[PDB]
Structure formats: C-alpha cells, structure tokens
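Please model the entire structure based on the sequences and the hints provided.
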Amino acid sequence: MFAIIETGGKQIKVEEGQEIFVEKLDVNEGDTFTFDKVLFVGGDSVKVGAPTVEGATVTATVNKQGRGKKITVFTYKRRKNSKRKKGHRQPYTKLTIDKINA
Amino acid sequence: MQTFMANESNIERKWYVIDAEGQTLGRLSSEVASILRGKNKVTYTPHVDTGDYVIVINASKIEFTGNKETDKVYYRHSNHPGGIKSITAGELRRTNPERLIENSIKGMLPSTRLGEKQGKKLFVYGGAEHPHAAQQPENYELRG
Amino acid sequence: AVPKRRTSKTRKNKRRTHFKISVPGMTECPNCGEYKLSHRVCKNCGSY
Amino acid sequence: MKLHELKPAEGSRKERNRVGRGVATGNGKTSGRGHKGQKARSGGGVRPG
Amino acid sequence: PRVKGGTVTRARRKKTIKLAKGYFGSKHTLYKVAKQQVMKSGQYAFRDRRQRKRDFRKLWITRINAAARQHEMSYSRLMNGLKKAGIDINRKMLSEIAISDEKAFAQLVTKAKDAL
Amino acid sequence: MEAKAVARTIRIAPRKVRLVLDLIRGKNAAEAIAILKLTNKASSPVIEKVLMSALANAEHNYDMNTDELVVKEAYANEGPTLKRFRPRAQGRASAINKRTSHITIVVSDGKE
RNA sequence: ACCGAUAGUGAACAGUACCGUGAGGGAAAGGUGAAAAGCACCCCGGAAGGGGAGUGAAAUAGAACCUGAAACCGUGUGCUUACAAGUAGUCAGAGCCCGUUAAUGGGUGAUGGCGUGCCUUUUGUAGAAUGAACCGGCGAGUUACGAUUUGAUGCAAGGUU
RNA sequence: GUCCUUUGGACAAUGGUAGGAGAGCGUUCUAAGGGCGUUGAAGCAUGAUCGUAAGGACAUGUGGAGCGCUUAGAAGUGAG
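Heads up: the sequence lines are chains P, H, b, L, O and Q, in that order.
Under the entry's author numbering, the first residue of the first sequence carries the number 1, and numbering increases by one thereafter.
Read left to right, the second sequence gives residues 1, 3 to 145 (the entry's author numbering).
Under the entry's author numbering, the first residue of the third sequence carries the number 2, and numbering increases by one thereafter.
Under the entry's author numbering, the first residue of the fourth sequence carries the number 1, and numbering increases by one thereafter.
Under the entry's author numbering, the first residue of the fifth sequence carries the number 2, and numbering increases by one thereafter.
Under the entry's author numbering, the first residue of the sixth sequence carries the number 1, and numbering increases by one thereafter.
One thing to keep in mind: the hints can contain errors.
Below, simulated PhoX-like cross-link-like pairs (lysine-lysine); rule was C-alpha separation at most 25 Å, straight line [unchecked claim]:
| hint | chain 1 | residue 1 | chain 2 | residue 2 |
| --- | --- | --- | --- | --- |
| 1 | b | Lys44 | Q | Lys41 |
| 2 | H | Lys15 | H | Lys86 |
| 3 | O | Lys114 | P | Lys86 |
| 4 | O | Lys16 | H | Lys40 |
| 5 | O | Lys85 | P | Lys10 |
The set of hints was computed from the structure by calculation and includes no laboratory data.
Set out below in structure tokens:
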C-alpha cells in the first residue's frame, strides 16, 4: 500500500496515485520513469529491505519539469563595508505514481 | 520533499494517577514533568500542547536523602527593602507539602506561556484521596 | 526635563484613550419634550 | 563599414576608473587612500625628492 | 551635459519599502529604518535555512525515541540494532511509519532487536 | 440616496473639531441636531450649520424625505496653516500655527 | 554632443522685501483652457463655504487653477489582541478570510525555536564613545599643459611636421 | 580554472578590512539605422512576472504630448 524509495539524496514515502517532487532527473515530459532503490513495502504482506528488497520497482509518469520558487541570499558584516547578494532557483521534477511492485 | 506529520491539532489527552509514597522528590518530579510535557507520545510537537493530566496523591511520604530536611532553604523576595524570606525543606514538607511537590515540578518545565499552561494540568494532594472520579483516572507506575 | 526619545503614533493614540467628551444625558423631557441633559431644567423643545 | 554598425579594434579602448561611488566598486569610502595622515589629504603628499 | 538625479532614486527606495511590508509602524513606512530591517532579515534567513535541517532532525529523533520506549527499548540501542541488521531506513521515515503503521514499526523493532 | 455638504477653511484646529464629530456619527438626524445644541464647544454651531445644509440638500436636490435620514459619515480634514510668531524673553522668537479644517457630513437613507 | 526654475546671472516674476548709525549685506516668488465660453438660475447659509444645474473634449481643468511622489493627518473595513517581559525580525505552524502576471497561490496570524539597530573611529563598541527628529531635492578625484609606463593602429632605417 | 582536453569525464577551487586586477548594470546628451504615439507618449500608483546582482518587462488605473530600441561616441553619470 505504501513504499519507501531512495532517490536524489533523500528518501520518500509513496502510495499508488500520488504526486511527488524530487531533485532533477534526466527525463522529458510525458515519459515513464521507474525507480530501482526500494527500501520498504508496506502492504498486506510486509517486505523489509535491509539493503534492498531485491525486485521492488515503483513506476511513475513524468509531467512538468520545472524550476522552483526563488530565494534571495543576502549576508553582510557590520562596520565592514562588505555585503553579498545573489539569487537562486532550484530545479525539480514532478511525478505521479501508478505502480508499486515487490 | 515534506512528508512529515506535525499537525497534532485534535489530540487526545488522558488522565493519570501517581502516588508519592517512598519516592525521591527530584526523580518523581522529572518523570512527571516529562508526562505533562508530552515527551512520551509518538505524536509530539513543541508548538501545540500534547501531553496529559497527572494526579499526585500521597505528597506526605516524600523522601529526601542526606540532610535535605534541615538544609535546602527556600527563598523569596518581596521587592521591598530587606524583604527576603525563607523556609527549610523539612518544615515546608510538614506544612503545605503540595506546594513542595508542585514547585519542583514547575521548576522543571519551560517558562513560556505554553509551559506555564502545561503546569496547570497538575493536581497534588496530601493523603491518598482525590475528587476526580468522573475523569476516569488511570494508575501510572514510575518506569525508571 | 526633555524627552529622551520621540513619542510614536501607537503611544500617543493610546494616551488619547480617555480624552473624550461625555454624551449629554439623553433623557426624555418629562412635562413635554425629547431626549436631553438628564433631570435638567430642560427648556429646549420642552417645559421642564 | 556602415555608420550605424561600427566598432574599434579589439583592445583599443577602456573605461576610466571612478572612485567614491559606493562599496561594491572596491574603492568607495576612502577612495584608494587608506585612512589618515598627510597622504589622505586634499593637495597632500610630499615634494618629489 | 547635466543629468538630474531623477526617477531612479524613488524606484530603488520603493523596492525596499515594498519589501518591508507588514512590519511594525515606522519599520514598514520609512526608508532608512525599512532598509535596515530588510537587510537584517536577509541575514536571519541564511542562518535559519541552515537551522531547519537540525531542528527537524531533533524532532524526528525524539518521536522515534517515544516510539521505541513503547516496545521496551531505547533510541540508541534501537538504532545500533538496526545498523547491525543493515536496515537503511531513515529518521524521518522511521517517524512517519511509527506514526502511521505501528504494525510495520513493530516488525522493524523485532528485526532490529534480534540482530543484536 | 446620499446627500452631503462640506465646509472649507474653518479656522479651528481639526483636533478640536473631531472631538465633537464623534458624538453625532452614525446617529439619526433629529438626535444629532439635539445633541449639537446641548454640548458647549466652539465648533458645535459650525458643525450644526453644515448638518442643516446637508439635510437641506437631501430634500431639495434629490427631493426625498427628512425624518428617514441618518448621519452616514462625518469627518474633518486638514486645511492650509497660517504661520505666526511670538516674541520670547532673550530677544528671540517662537512659532505659532493657526490651523484650519475642512468639514464634511453625509446623510443617508439606508437604501439605494 | 551649454542650463531648464534648489538649475542658469543675486535677479525668467530685484540690487527690491528685509536687516544695519554707516560703510555695507541681501532674498523667497513661472504653468486654467484651443478659445473666458472664468460657473445665468434654484436650494442651505449673516457671510465664507457647499449642493444641484450649466459651459467645456475634460471642472477631483474653477484662479490656493498642468502632472501631483513622500513624510504627516483622517474615515471605513477582512483577520488579530486586556497573565503579558520586548533591536519587534526570521524559521516552523494551526485556525479564519480570499481568488492572481494561476502558480508547488494571496491576507492575517494562536503557539514554539533562534536573535543586543546602522555609520564612524578603534587592540577591542549592544555600548553608558561620535553622528543622524522624519521625508523630499541639492551635496565631494575634475580639466589644461608636461612627464613616465601599458594597450591599439600606421609606416619602418627611418618616423613625424 | 585545470589539464586527458569528449571543453565535457574527471583534478580541482571559490570566508575576508587597507589595497591591486577583471567583467557588467543604470542615468543625461549626440550620430547613424530602424521603431512607437490622441485607437493615448513621458511621469505617477498597484500587481501573485523575469534576470546570478546592479536591474528589465508586461497588464491595469491616472495623466494629456512626446518617447524607446540597436551599434558607436561624450559626461555637471548613482547618497543614508
């Protein structure tokens, strides 16, 4: 019913049919991405992957490759005439789950 | 990813009974402070009040160790010049021991407005008798 | 003897909380009349 | 060459430095001079030799 | 030729005044005080983006420790047992499962426990 | 329907006019006229003349009644200020402001 | 490849108002509209001022007349506030109200964490060391002639007036 | 930056006051080329937009005659 996948440098709890936001993947819009590294399967029968579950794939369809909300990074030092200002937007990929395998 | 339970809002608080007979003041105090704080719930958030009610009833069989009774003076000032007052631990336990226990619970809680509220979930009684039977209170045993 | 800091809008408008006029009475004039300074010698549109 | 599209030889012109115009330029407040003494002053310094 | 110091000054000052919106009193209306608060808050945000990570890790650890004492075990001993079992699940993941499915968390506790 | 009247350049400090306009705001007209005759303040007669002018506009310009009328709005705005001086002790002067106000009321019907 | 009303003459309307016994010093102050068609008349008012009506492309273009920022003063309203200790923000986060350059949307914010303004001068400043009431305008490495050293370009035993 | 140089796979690097070096953003004016504007220019006000920064757009309301862009040039060229 729920699965744990390790993608990007992070771990995410997922369920059949929900939307997730991860660090950028090399994929185009429309395509189907499949995740390998599955760590936990929370179904009727529970599978624990201490390393991996050995099988255990999660399927998803890519939609909306995108770049995130912008943040201004600002720092200064008091009686010293130094300050720095710069902008950052972080990329992401948006996915919807369809399959949890085991 | 933000997959993270925080919204404790709509929690369920329960009611507990601990008895003071033959315990140490500080050790009972710290465990009770933890329960009032809510540190024992898998659902715990510091910005909303989880945690639940604790009833202490014997508050007269409190036990000190060493010479705490004659030492351990308590102090207070009235903001009036030379207005420092005092009382020693043993005679505070002998007259108004409920104050003795609840003071040392409340000194172990945060001093925010949420913390001073969490200290209001505490009821102390000298002697083994209390009025709170409609709340259906459960016995809790000090799991040291 | 002199103010050390200036007074702000919040503080000045708090001080002016009680600097008000009192509502004048609002009693019906008894012999004949309308709402007035209460229990008066009211003659305004009346005969008290 | 057309008169609306014309450029100098590469490396033949530069912009001048302008001191006293803020802190990101690198020579704002004291404008390259340091802090005090005779060589921070207008018309100051010393005679050559 | 002569330039006037014209419309550029207001535009630059008006950005800062808009960016100070919602502040208290003079803080959201006057340029010199608004500029100071808007540079002070930018330095707060850098520090606090670093601090979020450690704040949520502290909360996850305390919720797992609460979940561990329920099954008569300590947080430190539990994490050691999971390391020896090899389990790669995460502090945040371990809290989210311990909150949603206690029965999945109990099997993890038993495998973490007989790994020792 | 609304009707209004304005009084411009009333040589009284607006801080003093506003103190009497707080007694008549949101009241019905006969009530307000009665209140403006019992309070003793320098600005009461001036305010009462503006209220009568507004009441008169509502029954000539828009040709509606006068007993079904309520004071919708009353406010004072600042006018221009006159600059004066007093001489003080050590042969030096100090400033005097002669402030003025703009007075508006609006009498309403409660409907379109 | 001079200024456009704090500029350019002190002076766009003045060696005047004003100040000084005198020699003398010395300002602030431009703009209705294409055309006065510059609001007949009724209503309130002692008047001022306003409300209609009218003229006009337009009277929030009515002489305090082009546009009309900010400080500062008000009227109304969505959310919030009378057990609370504070450089007033930031990060988290319920509850209520909304609907945009529709997008990982906007307003407000019970409650929790962290947190002593800026500039200058200093070995070292939250500093009880200096400066600033606030807002607007103005306010500080320039030019001429020489010298040295880099870059560019032409010609070269010559190169240049 | 580095160097195999597939400029990408890596080997990296990237706190900073006096101060040295580099690359840019905006303002006023001129030349040439192309534009816009009473079917509404500049200015002013608001917005939930874009750019690594200085900054640039577009929509709407107000305003009622002027003003951008591209390449080059010249300065009374930026204030807390």
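Hint check results:
Taking the CA atoms of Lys44 (chain b) and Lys41 (chain Q), the gap is about 19 Å. The hint holds against a cut of 25 Å. Between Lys15 (chain H) and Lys86 (chain H) the alpha-carbon distance is near 39 Å, which puts this suggested pair outside the 25 Å criterion. Distance check on the hinted pair: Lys114 (chain O) and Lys86 (chain P) sit about 49 Å apart at the alpha-carbon level, beyond 25 Å; violated. Using a Cα cut-off of 25 Å, the hinted pair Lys16 (chain O) and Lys40 (chain H) is violated, with the two alpha carbons roughly 46 Å apart.
For the hint linking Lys85 (chain O) to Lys10 (chain P), the alpha-carbon distance of about 22 Å falls within 25 Å, and the restraint holds.
The structure fails to meet hints 2, 3, 4 from the earlier list, while all remaining hints are met.
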